[PDB]
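Enquirer: Here is what each chain is made of, one letter per residue.
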Amino acid sequence: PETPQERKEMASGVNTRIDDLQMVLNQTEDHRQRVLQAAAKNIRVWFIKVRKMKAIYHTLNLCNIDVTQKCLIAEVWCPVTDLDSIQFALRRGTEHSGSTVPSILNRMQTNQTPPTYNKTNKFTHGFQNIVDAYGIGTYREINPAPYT
Amino acid sequence: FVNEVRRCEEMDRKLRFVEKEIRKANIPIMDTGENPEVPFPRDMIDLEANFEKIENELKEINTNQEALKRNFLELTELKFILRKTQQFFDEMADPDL
Amino acid sequence: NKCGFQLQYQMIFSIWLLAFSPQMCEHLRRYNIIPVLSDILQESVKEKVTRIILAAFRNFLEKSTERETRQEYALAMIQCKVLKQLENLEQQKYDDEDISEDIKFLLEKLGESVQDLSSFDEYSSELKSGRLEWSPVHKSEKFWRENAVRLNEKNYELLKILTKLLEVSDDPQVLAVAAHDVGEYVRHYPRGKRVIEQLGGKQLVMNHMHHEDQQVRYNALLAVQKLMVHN
Numbered sequence: 248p249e250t251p252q253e254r255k256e257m258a259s260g261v262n263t264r265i266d267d268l269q270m271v272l273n274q275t276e277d278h279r280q281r282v283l284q285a286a287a288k289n290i291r292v293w294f295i296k297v298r299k300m301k302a303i304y305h306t307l308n309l310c311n312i313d314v315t316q317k318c319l320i321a322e323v324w325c326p327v328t329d330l331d332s333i334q335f336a337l338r339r340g341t342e343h344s345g346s347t348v349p350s351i352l353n354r355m356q357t358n359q360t361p362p363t364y365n366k367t368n369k370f371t372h373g374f375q376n377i378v379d380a381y382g383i384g385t386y387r388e389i390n391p392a393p394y395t
Numbered sequence: 051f052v053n054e055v056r057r058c059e060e061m062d063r064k065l066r067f068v069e070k071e072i073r074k075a076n077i078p079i080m081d082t083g084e085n086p087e088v089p090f091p092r093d094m095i096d097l098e099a100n101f102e103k104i105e106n107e108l109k110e111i112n113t114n115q116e117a118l119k120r121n122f123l124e125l126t127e128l129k130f131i132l133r134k135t136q137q138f139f140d141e142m143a144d145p146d147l
Numbered sequence: 233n234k235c236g237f238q239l240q241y242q243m244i245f246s247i248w249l250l251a252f253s254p255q256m257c258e259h260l261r262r263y264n265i266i267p268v269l270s271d272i273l274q275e276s277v278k279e280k281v282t283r284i285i286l287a288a289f290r291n292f293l294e295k296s297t298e299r300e301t302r303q304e305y306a307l308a309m310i311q312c313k314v315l316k317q318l319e320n321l322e323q324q325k326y327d328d329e330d331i332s333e334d335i336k337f338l339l340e341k342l343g344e345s346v347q348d349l350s351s352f353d354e355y356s357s358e359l360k361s362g363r364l365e366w367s368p369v370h371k372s373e374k375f376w377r378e379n380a381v382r383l384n385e386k387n388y389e390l391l392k393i394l395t396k397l398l399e400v401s402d403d404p405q406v407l408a409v410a411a412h413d414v415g416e417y418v419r420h421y422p423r424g425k426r427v428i429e430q431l432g433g434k435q436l437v438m439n440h441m442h443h444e445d446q447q448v449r450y451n452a453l454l455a456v457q458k459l460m461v462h463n
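Chains as they are written, first to last, in the deposited numbering: chain A, 248 to 395; chain B, 51 to 147; chain C, 233 to 463.
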């Protein structure tokens, strides 16, 4: 300012506005706190859900599609002992789909080589990794892990 | 389904941005360990709305906070200068103005 | 009662058959079909179900007798958030031009309906009647950017209505809407900051930020934030 009344005008204009802006800053920061707490309470489940949906869509993109048949075609490797449980998972999926007419799980004569699986446990994981470090054993050859 | 994959990546970007802001903030992330299998019905749209709104409001408040901070600090300094100016005139107050 | 998939599909098929005609379309509005089918179109994802709801909506908008009648149906749909799921289905693709045409028709007509709702005359009518209840014009930025000056007509009659409601309103919805509209007026007519100062909207929103309702506080805080952005 240049004059006493100008000085008083500016002084009042800033004295109201500073308190107003501090008030809004503090309340909006409290709003940040509330909404960010609400987000953090659930983000992990949100992360898991979005990642699961991503995985589901990506794996679905491996099937053959309406270009071949309106129903999808897929192919899987599985341990034999769990065929019943896999069919039960298929049953669960169809139940969630709500269709009366059911799905089907099919065996077939195969030319591709089976993978190797070991049903590792907490104690033997390190040793199984140690023997895997030099090449995984062929289907059903003796595992050096239990002796190592 | 790659389009749905792209939508999931947009969702993951939203969530990771919010997670980074949470890390920058002091509030903890909870580690409850809930592991549901996501259903088929379009919960995706509800979750997209929720993530979009959460991240959008976070962005808007974050941006507005800086401007309010700047203006408040400017007005504080102006108040201080206005205070000291009269002391600088403190000699003899005969004139009406 | 949420019957099975086939029963739902057949019942919406019935609705589509009825909607093929103007008179029955006009008289069966009383059952508020649109919201229930809006939720069902997301829950009952089955393509037959989705297609038949979209076809029923298309028939409704086709055979509604008046422009106003089609506008009630479209306004109900937008209030029930049909348009966003129409966008999502547009992102999606299906194996016939029929679903494509249904989606495109509903999309274009929803766009036209929101454009009609965005009329500044209808905004004036809503303000005059006090129906500050989140009509799409309120969140249509296109209306605001162009018409924010027009609120100054009749010696700022619309702004006076808004500011008067910002002290008279006990209704949370009306009060929050008025606060948000003051914020938008600030956002889209920069010269109006002195006008709102003169009308007291500045102080009214600064007070309603402390309102007892979370939504009123939220909107008032938004508006006051937009207010203090500049010296």
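Watch out, some of these pointers could steer you wrong.
Derived Cβ-Cβ restraints for the label pairs, each shown as a range [what the hints assert, rightly or not]: (1) C:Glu385 - B:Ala117: 37 to 43 angstroms; (2) B:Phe139 - C:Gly362: 50 to 56 angstroms; (3) B:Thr126 - A:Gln280: 20 to 26 angstroms; (4) A:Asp329 - B:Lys109: 45 to 51 angstroms; (5) A:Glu388 - C:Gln238: 31 to 37 angstroms; (6) C:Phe237 - A:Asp379: 45 to 51 angstroms.
Within a straight-line C-alpha distance of at most 27 angstroms, the following computed DSSO-like cross-link-like pairs (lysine-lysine) qualify [as the list claims (entries may be wrong)]: (7) C:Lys341 - C:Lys392; (8) A:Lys301 - B:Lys103; (9) B:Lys74 - B:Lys103; (10) B:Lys134 - A:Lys288; (11) C:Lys458 - B:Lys109.
Non-contacting residues of chain C with respect to chain B, defined by C-beta distances greater than 12 angstroms in every case (computed) [to be verified]: (12) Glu275; (13) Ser276; (14) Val346.
Honestly, the hints are just simulated from the structure, not real lab data. Virtual Cβ for every residue (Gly too), placed ideally from N, Cα, C.
Enquirer: For the pair we were handed, A:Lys301 and B:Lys103, check the Cα-Cα distance against 27 angstroms.
Expert: holds, 20 angstroms
Enquirer: Using the beta carbons of A:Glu388 and C:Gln238, state whether their distance is inside 31 to 37 angstroms or not.
Expert: Once the Cβ atoms are compared, 53 angstroms apart, the range 31 to 37 angstroms for C:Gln238 and A:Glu388 is violated.
Enquirer: Taking 27 angstroms as the top limit, are the C-alpha atoms of B:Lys134 and A:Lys288 close enough?
Expert: This hinted pair is violated, its Cα atoms lying about 49 angstroms apart.
Enquirer: Just to be sure I understand the hint, the distance between the Cβ atoms of C:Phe237 and A:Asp379 should be within 45 to 51 angstroms; is that true here?
Expert: Distance hint for C:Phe237, A:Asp379 holds at roughly 48 angstroms.
Enquirer: Taking the CB of C:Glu385 and the CB of B:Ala117, does the distance hold inside 37 to 43 angstroms?
Expert: With Cβ atoms ~31 angstroms apart, the hint is violated.
Enquirer: Does the claim that C:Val346 lies off the interface hold, with its Cβ farther than 12 angstroms from every Cβ of chain B?
Expert: holds, 18 angstroms
Enquirer: Starting from C:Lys341, check that the Cα of C:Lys392 is at most 27 angstroms away, please.
Expert: violated, 34 angstroms
Enquirer: At the C-beta level, are A:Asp329 and B:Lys109 separated by a distance inside 45 to 51 angstroms?
Expert: holds, 47 angstroms
Enquirer: Within 27 angstroms, alpha carbon to alpha carbon, are B:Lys74 and B:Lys103?
Expert: Status holds; Cα separation ~20 angstroms.
Enquirer: Per the hint of 20 to 26 angstroms, is the separation of the Cβ atoms of B:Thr126 and A:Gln280 within bounds?
Expert: Given range 20 to 26 angstroms: holds, Cβ gap about 23 angstroms.
Enquirer: So the hint says 50 to 56 angstroms: do the beta-carbon atoms of B:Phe139 and C:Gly362 match that?
Expert: holds, 54 angstroms
Enquirer: Would you check whether the claim that C:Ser276 is not at the interface survives, using Cβ distances to chain B and the 12 angstroms cut-off?
Expert: For C:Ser276, whose nearest Cβ neighbour in chain B is about 8 angstroms away, the distance does not exceed 12 angstroms, so it is violated.
Of the numbered hints stated above, those contradicted by the structure are hints 1, 5, 7, 10, 12 and 13, listed in ascending order.
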